[PDB]
Amino acid sequence: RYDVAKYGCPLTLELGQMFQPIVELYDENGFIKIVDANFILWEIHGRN
Amino acid sequence: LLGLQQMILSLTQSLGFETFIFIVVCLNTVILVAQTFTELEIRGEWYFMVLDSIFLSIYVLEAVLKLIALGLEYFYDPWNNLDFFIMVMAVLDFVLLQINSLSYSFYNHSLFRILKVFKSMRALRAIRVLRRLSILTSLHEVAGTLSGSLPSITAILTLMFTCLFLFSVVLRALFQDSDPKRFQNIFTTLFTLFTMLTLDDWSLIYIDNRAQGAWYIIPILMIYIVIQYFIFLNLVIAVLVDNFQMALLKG
Amino acid sequence: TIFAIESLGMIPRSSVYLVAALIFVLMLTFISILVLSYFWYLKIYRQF
Amino acid sequence: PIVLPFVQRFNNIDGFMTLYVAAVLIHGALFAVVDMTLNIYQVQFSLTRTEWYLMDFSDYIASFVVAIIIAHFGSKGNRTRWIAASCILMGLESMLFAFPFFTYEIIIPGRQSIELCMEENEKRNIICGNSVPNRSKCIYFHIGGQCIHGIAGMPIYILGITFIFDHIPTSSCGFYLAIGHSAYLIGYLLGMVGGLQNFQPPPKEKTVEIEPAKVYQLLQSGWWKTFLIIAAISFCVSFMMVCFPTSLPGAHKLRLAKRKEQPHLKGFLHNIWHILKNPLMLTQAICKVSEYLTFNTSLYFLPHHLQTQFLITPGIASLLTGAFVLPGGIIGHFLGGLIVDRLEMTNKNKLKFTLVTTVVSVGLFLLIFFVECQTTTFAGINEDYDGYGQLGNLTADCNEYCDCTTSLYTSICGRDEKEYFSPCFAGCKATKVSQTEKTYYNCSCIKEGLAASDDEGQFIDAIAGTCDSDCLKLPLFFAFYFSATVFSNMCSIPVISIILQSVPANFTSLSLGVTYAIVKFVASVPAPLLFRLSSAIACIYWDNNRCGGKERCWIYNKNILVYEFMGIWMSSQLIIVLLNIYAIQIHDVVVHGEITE
Amino acid sequence: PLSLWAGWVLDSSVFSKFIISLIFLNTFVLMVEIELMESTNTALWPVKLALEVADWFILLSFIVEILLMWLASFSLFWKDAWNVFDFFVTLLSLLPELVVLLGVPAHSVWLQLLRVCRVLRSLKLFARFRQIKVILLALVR
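Residue numbers (full-length UniProt numbering), protein chains in the order written: chain U, 778 to 825; chain P, 337 to 587; chain E, 923 to 970; chain L, 81 to 341, 355 to 690; chain S, 94 to 234.
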């Protein structure tokens, strides 16, 4: 069961497009900086 | 005046057609070779299109005189049919410029280039109707012997078209999802086949296909290239050589 | 962090049977034309 | 003093066939309008199905009691004058049918019954049945209209074909029969299309409850408009062929060319004895009876079969049946006529050709049955609602809150692939509609569900209508029905061509009517009883909670109905095949006896 | 029937006109379907599929053509002149139906080679003119 309270609003992307997952750092009052490190993405339950 | 008007038209057509048509089409080709001339149009552009329209009016008078003329046998000359088509396009573009207003794009659009190549057809027609005198008999005989073997060369170019279409079909079938950006559609596919057919950077095709992962397409390409190249050029060279050779065997 | 993607795909209806109907319609029309030509030729083969 | 060449060209045989084509076209259009008009009158005007069958039978019994009488009358009199009388009676019939839809449009409206129903109450708008009064008068008008419809239409189909038989050579009799049947078929198409283009509601289909009252006014207005124009056309055509001369010039020329090289009761008995003595006529009569039975069963059964198996709306299923039984039918009729006309087709070879066509049609029906054995998406009948209630839990609190009536329950589709009848019973108290689709909001009696769905301004919107995930069998079934209709229309033209051969020219007038009395009485009278019996065999699960005497079922047993109807159709087709295989030997024996070479 | 029917359908001009019309219609339709197999035109999608299935119908017409060929000398025709090459090309052109019904063509399909083979057979069985024929004889000699 998907939802929004613990999974957020899903994306409504159309047919095949290019997306880069890019993330920024934020604390307390607001955002600090853009994040550059080394990521890993992974699915909740499992696909290939 | 029926047939009486037709015979008056024949005699006065001979006289006035000779005099007026020769002098005005000589002046038309003078202003038209002055027109193209992409250095002197900036020393112009205002005395050029007005004289162009004036001699287009002279040409529509030619077509009017031919329309009131003898008629059906006028249409039996292919050059006169070309006159009729050229004048249909000329009155079309003249009224298109004349009405103004419109709702489509302008200011040297593609349609303007279509009218410019129509003007080129008109210039070619002027050139062909000033050469009624002294085409020279030597090149007349050369062209007559050149045009003798028409069915052979038409058959050979038909075989060329069939072979080229087959090669384009099989290559585009074999070039799917194989960086087809150079030949993504039918026009570019046939143009690339023309480039392979005309010895143009097919070695470059080999060297930038070796950068890809497919290799057997390169032996396929060279074997198709060599068979079509050798067969077609040997066919045409031999056919035209013998075509002039039997005329050589005569006087 | 969490984020989900819902991209629209390119899986349409197969429509194999919708055009198999056209296959059968054309096959029956061709068979009917063949039967009509058959009857015509049995009418016109006694002349030879 | 009309000696114009227009008159001298309108009395030609082509001048008569153009008018006959027009008359058959308008008759087919009128009948196609009348059948669905009576059906929606039974549906909407608060009556029962038995009365619908009654005034459906009234037309058939009128045709039966008028066929023999008008055949005997036309055997001794002028066919054109009787045709004029029938056309004038038809023009009266169209206006007589139009009159109740304009005079008595205040019988059952949504809210216009101000004497017994008030606008501020909803329960009082569906009770105090003042619609039962002023309805028996409309029943009398409709039964009289069906009677005069039969008495005015059946003589047309007798006497026009009689004139074709007695005034056209056999080389064009097949063509004229084929174009007449095609004119009747395209009338059946055109009347149905015109009726359903106006009876169906305007694009504002999903408005407030004033919409059923607007549709109630609009359908009656459309019928009152269409029937008046039909009556005007019929009267104009009747006046047109009244001016036709009794002694046709082309007919006289043909009679002069063919001349070279009292209708007493005893003569009637002699003709009947000759028909009974020759078993060819008996075989053709029973074959035509079985063909008409199969055609009528298929036409009545196909929309219901699409409704119960392929999950189609009954109106859309009826449209799919009607608009796709035509392209096969007219082409089959035209081909059947043209083969006999072009090939100079003989009697024994006619029997062989009919047998071959029937054999291939039997094979096509067997292929239809083989396709019907495939599985499909199942809606409802899931052995009680998931353990929450039994079959009979439809009258819950969510049924009581929004005041649903069990006669107009449709099927809503849940997002969890479970189809639930009565979309208001699904617990949806909010109904916001869009321009092109109906949907239900805030459903509480539904299961967990809510798998994917789709909406923009809100959410929890169950879509209306029956959802289908595997409906690709319908094009193949429609192609097989095309072929079946082609080969079913292909058999009757050789039979009618056979009918002319065994009867002399003077006695040809009764030959149609003798067959035609078997068309409506022996075939069309006991057929609906058997259809109802087979339906009740298949429709076991009637709505005994509210409907009572089997007024609306919900579980139409798909395998049972398919097996029973294909068994009936196969039995009729095998009866036709056995009759043809008897008649081939019988005709060979008769031919050998008359030849004795 | 049999061989007489083959002779009659070869003698009749209507059948020859129909088969050459189907041949050039198939060749013209063939390159159109490879241009776009996407949702650029939703209203043109089922009719483009119907055109591809019309090409399948031309393959079934090739099936009935080899059926008419069975009305000929049958076993004698298995070893002949270029007509057996045409028969082999038609077999290779019927092969894609078999390899899409059971082959699951997510592999080295090689449907393109058979497609161009049936195209080249269609481009040679076009009632070749005599001016083409004399130069082809000169080329082969």
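Fair warning: there could be bad hints in the mix.
Claimed, not checked - Below, computed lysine to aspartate or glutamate pairings styled on EDC-like, alpha-carbon distance capped at 20 Å:
1. L/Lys286 - L/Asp490
2. P/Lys517 - S/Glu126
3. P/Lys452 - P/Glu477
4. U/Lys810 - E/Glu928
5. P/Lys517 - S/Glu131
6. E/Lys965 - S/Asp104
7. P/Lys517 - S/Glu128
8. L/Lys540 - L/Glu493
9. L/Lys203 - L/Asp563
10. P/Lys455 - P/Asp578
11. L/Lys445 - L/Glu493
12. L/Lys441 - L/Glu200
13. S/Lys226 - P/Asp578
14. E/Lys965 - L/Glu437
15. E/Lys965 - L/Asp434
16. L/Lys540 - U/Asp804
None of these hints come from the bench; they were simulated from the model.
message: Are any of the numbered hints broken by this structure? If so, which, sorted upward?
response: 1, 3, 4, 9, 10, 11, 12, 16
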